[PDB]
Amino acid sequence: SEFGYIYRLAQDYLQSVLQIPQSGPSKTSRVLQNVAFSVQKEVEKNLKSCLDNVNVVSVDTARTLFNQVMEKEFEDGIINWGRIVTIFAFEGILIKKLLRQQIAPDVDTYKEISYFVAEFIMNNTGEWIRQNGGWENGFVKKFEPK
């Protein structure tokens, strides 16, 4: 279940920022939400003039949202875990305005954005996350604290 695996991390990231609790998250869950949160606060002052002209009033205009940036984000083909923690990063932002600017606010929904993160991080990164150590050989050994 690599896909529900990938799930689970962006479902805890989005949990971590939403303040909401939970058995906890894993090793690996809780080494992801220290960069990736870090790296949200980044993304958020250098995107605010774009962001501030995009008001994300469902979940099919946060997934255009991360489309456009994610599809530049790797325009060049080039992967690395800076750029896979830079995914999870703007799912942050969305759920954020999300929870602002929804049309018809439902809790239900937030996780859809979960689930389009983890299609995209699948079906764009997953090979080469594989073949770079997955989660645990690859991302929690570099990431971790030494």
The other form holds:
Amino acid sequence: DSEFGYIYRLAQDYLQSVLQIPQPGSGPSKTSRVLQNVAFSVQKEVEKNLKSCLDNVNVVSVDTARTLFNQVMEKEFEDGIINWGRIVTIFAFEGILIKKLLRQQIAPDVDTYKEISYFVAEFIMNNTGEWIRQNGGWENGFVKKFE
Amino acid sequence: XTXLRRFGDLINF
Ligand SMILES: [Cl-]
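I have the form deposited without its partner chain already, so could you send the form solved in complex with its partner chain?
Expanding to the full complex; the earlier chain stays at the top.
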């Protein structure tokens, strides 16, 4: 029940929904369900907008996947602006990375989605954690604006 | 990153 652990659970839950890994009987939390619907509302459109760009990147490893994630995330927020919509795109992008990694990584570890979700949660809490605290948090700011 | 940024602002409406 820590701050990083809750963000890690959200990041890992979404990758399970993207890869369509079945969870316990009932689905994840209501917060992860609101997040999954909003990020699904985005993901397929982002892929179909960046097919030329994504078809030319080599996401062949975890470090390689982390390098590209850090690179895109630093330029997206290079204006110093954070909102709940931009946070949704952080989850939407990790879903595209894990699908490119699944198709390009040779001999992956079991549950590689847990490794990708880990450094994705590190970025969210280190660079948007203080902002999330100051705009209602997850149960009062995010859910209450998309539900 | 430009794409994702405006996809995000879009939903912030
Ligand atoms: Cl970029």
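Note that the rigid core is defined as the largest set of C-alphas that superpose within 1.5 Å between two forms. Numbering follows the first chain given and starts at 1.
- Task: Establish whether a shift of 2 Å or more occurs at the C-alpha of residue 107 between the two forms, with the two forms superposed on the rigid core.
- Result: Yes, shifts by 2 Å or more.
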